[PDB]
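The data below hold one chain only, encoded as structure tokens and taken in the form deposited without the partner chain.
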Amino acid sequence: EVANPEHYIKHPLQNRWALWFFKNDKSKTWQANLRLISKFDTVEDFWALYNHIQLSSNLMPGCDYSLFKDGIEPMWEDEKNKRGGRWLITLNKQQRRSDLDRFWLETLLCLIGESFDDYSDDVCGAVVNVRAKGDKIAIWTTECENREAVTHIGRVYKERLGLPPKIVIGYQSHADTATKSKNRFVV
């Protein structure tokens, strides 16, 4: 006597995500430049979000997007972030053209579609940096000492972007990034 959900039910993601924007407006404190766009926990709502906002390639230099599981703030300071690190994809300025938007989207669909299976717990979120000096996309993991997790994650990622095995990508811990110029792991 009830309706068959398939038709009218939204498709719930395994997690609620929060999309954040950072605009480099040099006359404000960094923490205050970072602002929450919106949150979503369903497939339909993700596409509503993605489609109504600018492609990463059309953001001006010094701006960022990032997507984090709800309750993880997208900064080193977060409880789930302080012991962690990231897989860094350094894109040059010719890959802003052919790669950026599809690397970022693939990243988004990796997070919310939980492509890391078991390891999906160690995932916190991801960041795309638009810079004049060449762009960045990073995946944040929770613990920079879970080698089995960190490296399987980084390897599924590399594969999921379609990167050839010539290209190596490195994982830096947050404590190193936050204090320094170097990779804990490479794939």
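Only residues modelled in both forms are compared. Positions refer to the first chain, counted from 1. Between two forms, the rigid core is the largest collection of C-alphas that superpose within 1.5 Å. First, how it differs from the form deposited with the partner chain bound.
In this core-based overlay, residues 6-8 form the only run of three or more whose Cα positions differ by 2 Å or more between the two forms.
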Given for the second form:
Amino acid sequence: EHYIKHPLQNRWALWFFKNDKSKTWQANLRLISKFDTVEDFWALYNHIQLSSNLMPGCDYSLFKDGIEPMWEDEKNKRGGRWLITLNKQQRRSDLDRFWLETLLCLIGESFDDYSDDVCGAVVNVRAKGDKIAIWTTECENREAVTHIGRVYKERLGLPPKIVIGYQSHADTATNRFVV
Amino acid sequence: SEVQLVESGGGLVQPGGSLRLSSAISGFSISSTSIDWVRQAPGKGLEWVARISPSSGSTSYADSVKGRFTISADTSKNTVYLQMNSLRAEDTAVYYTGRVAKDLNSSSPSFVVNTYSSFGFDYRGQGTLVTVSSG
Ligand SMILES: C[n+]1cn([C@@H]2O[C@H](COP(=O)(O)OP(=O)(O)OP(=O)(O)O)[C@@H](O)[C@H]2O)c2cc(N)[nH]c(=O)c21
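Next up, can you give the form deposited with the partner chain bound of this protein, since the form deposited without the partner chain came first?
Up next: the whole complex, starting with the chain shown before.
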């Protein structure tokens, strides 16, 4: 009404995936909220369960407005992901901190001009090990992909010896880079 | 009430002058959070100025203002203040109050502003312009 919000550079949508074995993967995927301001990002993040508190087999996906969080999207089909794989102990210590850091790298456009290659990020909550990934639009764009990977690893504070991998969605559905 | 942060008290002063800034906050309690003064000058990054936790009265300051600036609070009026003594040209900026997001409140305000700048505040006012000039 009176309060003036702070526009984000991009418009965003948060998706939720509920594991129901009877349904298709696409049917289990739901858009839960759209936002495009700093205030609306924090209001959403404060009004949903932390990744660490999700039921096993569930996902959150944050994608630029108009990009669906699936391989088949025009903006994802030629692309790939920087993948962080967590062990079972890291669910309590690192999952939420790493996911929030990933969300802030996205809405804060933290890869400068290379942020234009970012489509979104996905957290997979899994018994066998949690996964966080930043999805980029073109697995051939080695300049953008290598920069995003280096800065992402810096922002997460991962030790040098924890090597993270970039996989194309084409390869997942059937590492192109590491840092 | 709707959340508002209304900063006021800015103006034009000559070097050595003083101003007292106010931020009248509505819709959340300053007794349940820290509040930061931050400032934005042309051609510069967002700069953290000072933090107060009104519940405890705990305060901290940027090296650039320590001894000249005093952050304070009136919990009953849900208002925070910045007393700015012996202002210099380099203090010219828009001054804002922000609430850092609860999920980032374990980080130092210097870390939050350096890493997340504006993105680390779940609310921030439109601020008050402070201009220190003799020429
Ligand atoms: C990201 N994703 C997942 N899936 C389906 O879901 C399956 C599991 O993928 P995902 O949830 O990312 O990973 P999991 O840790 O559950 O399993 P894993 O294969 O990595 O061991 C995958 O093999 C596909 O059948 C998809 C099916 C699509 N048509 N498009 C997707 O983008 C897509």
